[PDB]
Amino acid sequence: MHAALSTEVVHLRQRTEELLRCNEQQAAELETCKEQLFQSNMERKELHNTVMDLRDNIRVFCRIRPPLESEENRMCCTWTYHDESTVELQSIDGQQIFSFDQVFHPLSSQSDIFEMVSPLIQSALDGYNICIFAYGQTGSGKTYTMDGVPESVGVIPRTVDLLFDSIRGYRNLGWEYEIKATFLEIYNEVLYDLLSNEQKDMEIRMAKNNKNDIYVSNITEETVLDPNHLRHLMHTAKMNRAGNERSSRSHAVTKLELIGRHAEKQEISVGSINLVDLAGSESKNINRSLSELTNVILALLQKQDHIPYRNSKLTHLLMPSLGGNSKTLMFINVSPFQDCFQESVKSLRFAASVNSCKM
Amino acid sequence: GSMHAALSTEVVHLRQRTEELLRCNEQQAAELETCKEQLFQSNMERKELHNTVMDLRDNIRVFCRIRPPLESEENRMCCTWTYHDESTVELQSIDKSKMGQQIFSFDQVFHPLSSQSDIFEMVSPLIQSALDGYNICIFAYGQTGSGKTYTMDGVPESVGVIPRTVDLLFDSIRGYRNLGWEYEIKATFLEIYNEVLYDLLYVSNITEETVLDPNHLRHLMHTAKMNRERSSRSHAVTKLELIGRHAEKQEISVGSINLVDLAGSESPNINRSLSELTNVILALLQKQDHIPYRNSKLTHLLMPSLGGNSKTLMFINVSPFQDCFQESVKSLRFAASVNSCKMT
Ligand SMILES: Nc1ncnc2c1ncn2[C@@H]1O[C@H](COP(=O)(O)OP(=O)(O)O)[C@@H](O)[C@H]1O
Ligand SMILES: Nc1ncnc2c1ncn2[C@@H]1O[C@H](COP(=O)(O)OP(=O)(O)O)[C@@H](O)[C@H]1O
Ligand SMILES: [Mg+2]
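If you're matching them up, the sequences are chains A and B in order.
Using the authors' numbering, the letters of the first sequence correspond one by one to residues 292 to 384, 392 to 540, 546 to 586, 597 to 672.
Using the authors' numbering, the letters of the second sequence correspond one by one to residues 290 to 384, 388 to 493, 513 to 539, 548 to 587, 598 to 673.
It should be emphasised that the hints constitute simulated quantities derived from the structure, not laboratory data.
Any given hint could be a false lead.
Stated by the list, open to error - Partial selection, computed: residues in chain A whose CB lies under 7 Å from chain B:
1) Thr298
2) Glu299
3) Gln317
4) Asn332
5) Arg335
What the hints assert, rightly or not - Calculated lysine to any residue pairs in the SDA-like style (CA-CA distance at most 20 Å, straight line):
6) A/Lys325 / B/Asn314
7) B/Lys325 / A/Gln316
8) A/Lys336 / B/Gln317
9) B/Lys336 / A/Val342
10) B/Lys325 / A/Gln327
11) A/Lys325 / B/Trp370
12) A/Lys568 / B/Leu321
13) A/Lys325 / B/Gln317
14) A/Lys558 / A/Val658
15) B/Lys336 / A/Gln420
16) B/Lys336 / A/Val451
17) A/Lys325 / B/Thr323
18) A/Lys536 / A/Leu614
19) B/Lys336 / A/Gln316
Virtual Cβ for every residue (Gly too), placed ideally from N, Cα, C.
From just these sequences and the hints, can you work out the full model?
Encoded structure:
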């Protein structure tokens, strides 16, 4: 029937023109809401960085680890907690007292530690560079704090979990995030790729578009696809991760570069997270990176004019994440034992140098 | 025929475009729901972070409010208002750098079109903390006709800060009841004119009350409001002493909320209390050991709440009009000083 089709056409043109109206209306509403969301997120980002600055871009904590059951044969120093920020230690055979942003003790949990870290993940997603260090003498607890164990995972695994939850959430703001992951060791001022068997010469050079930024030539830089992929990469690197004189004396750096793209407004947001399990602080090139790292941190705090980031592999690698608006957290790991007393004091004296430098 | 064919084509295409546009209406509906929810979460987190910043800073808090022209005043000329961000506001005569400050940064600036609820949104955190033993003080400052009373009291159609505090107060309380805390609320209302105090129903002897329910307090609130060019020069104070009790442990929280709608700041011992407030702010900025809290009967009460910290919030109400310009600048330059006060 011609009339049935005709009257259906008329009906469908009505339907059509009214839907175009209910669509145009929705579209305008969606435009203004999106714009207010973007602005609101810039302001949220700003306030967040304000908090970070009010707490200090560079912060230092202490963490005294508990003895293991296999360590009862070892006597502990006498530890005294003057307050949340101040700890003192006494040789069991004149005062050694140290102030920190916060002191963590043997009962302090892995998540207690991560609470200091989680706000900075958001910072990384906001375009700020982050550095998280574990500092201290071999046996003090650097690796347990950074990697941890399956029953109690440390900073890195928790950082990954939070990174995926947050990147997921961001999709609703119109942002899409890449993660570039690189894993390396630094031993005797030479860089090693923890994702490769191959022997190669890796150099630290200026980034193509940012001369203040850096990149490592000939390194395996992975674009993360999903959590399974990143779990595989971390496992692999942990397997090749370091021999007493070399295990104790090699730095480990896990770098997660967050690259965020908002396609509609055509904006980017690049911020990286460097998670560093430092070489032991126990007393040429073997210790170059560590001493230069402490020099650089203190120099930044003293607002020193010129800073020789390139005096060592470590400081040069992390340079773009140390100066300026970058945030640093350093966990000074300490073992509670009398026979470590002298090294525990050396470690904690760096903290004191930091406090003295903050004014 | 050719007409059946042509009509067939027409309906097919129209069915396909109907299906498209309906598909697009669906995607848009979903994306809009998502976007609104995200705008809500982002705003909420923004408010939380802002409150955290104000605490860490521990300055006296300053919010600036520009009131909209009234239906009457629709033919009254306004000066030029520029807003550079959420906390920065500039005003220029409708008619220069050497002349001083025309650009003012505060904790928050409220547009003429700001709801009473938006105002309260950024004050409620301060009120909730009174329950934790702190002395709180919200006070409104500005020339007459700028919106002090409207901001604190409000009108029945859109209630102000003081009214909404009740809701927030009992609501927050009944969650402490869960914790095993017991709260009583002592209330007092008073007025100050020519350095003389009046009970509108430490300080003694003035009418007190122990509150039972929101209605009891809404009532006595109305009663005080009922008894108020002298209201233009009279200060209004409303204190709500919150006294919590736990028997395990034996601790008590004692914290209060003070709500002041000050006299007008316009250029006139008639307006002294106000002048001595100005002097106490000048003193706190000097951070000096002897401070003239006692040179007036308002600064005496606000002395407990003028230690110079983030537990004190000042609204700086301002009129949009050109004939109010000079008064508005004066009000703003003062508010700038207040925002710089941190002492105790
Ligand atoms: N906070 C802690 N709680 C429980 N065990 C810990 C803690 N810190 C370290 N350990 C244990 O003590 C040992 C030394 O830790 P490790 O990270 O190897 O020190 P480092 O890396 O500084 O040499 C590890 O076997 C680890 O399981
Ligand atoms: N934010 C506002 N929105 C709409 N009208 C307002 C607002 N603030 C004040 N008004 C109106 O303007 C007039 C002057 O306000 P008012 O609070 O009496 O000034 P003040 O108390 O500072 O002398 C009032 O009658 C009130 O109705
Ligand atoms: Mg280790």
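A quick look at each hint next to the structure:
no.	hint	result
1	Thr298	10 Å, violated
2	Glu299	6 Å, holds
3	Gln317	4 Å, holds
4	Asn332	5 Å, holds
5	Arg335	4 Å, holds
6	A/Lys325 / B/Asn314	17 Å, holds
7	B/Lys325 / A/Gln316	15 Å, holds
8	A/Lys336 / B/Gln317	27 Å, violated
9	B/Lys336 / A/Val342	13 Å, holds
10	B/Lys325 / A/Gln327	10 Å, holds
11	A/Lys325 / B/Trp370	26 Å, violated
12	A/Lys568 / B/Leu321	17 Å, holds
13	A/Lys325 / B/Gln317	12 Å, holds
14	A/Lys558 / A/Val658	30 Å, violated
15	B/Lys336 / A/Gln420	17 Å, holds
16	B/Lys336 / A/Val451	33 Å, violated
17	A/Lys325 / B/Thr323	10 Å, holds
18	A/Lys536 / A/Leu614	33 Å, violated
19	B/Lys336 / A/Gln316	30 Å, violated
Checked against the numbered hints given earlier, the structure breaks hints 1, 8, 11, 14, 16, 18 and 19 and satisfies all the rest.
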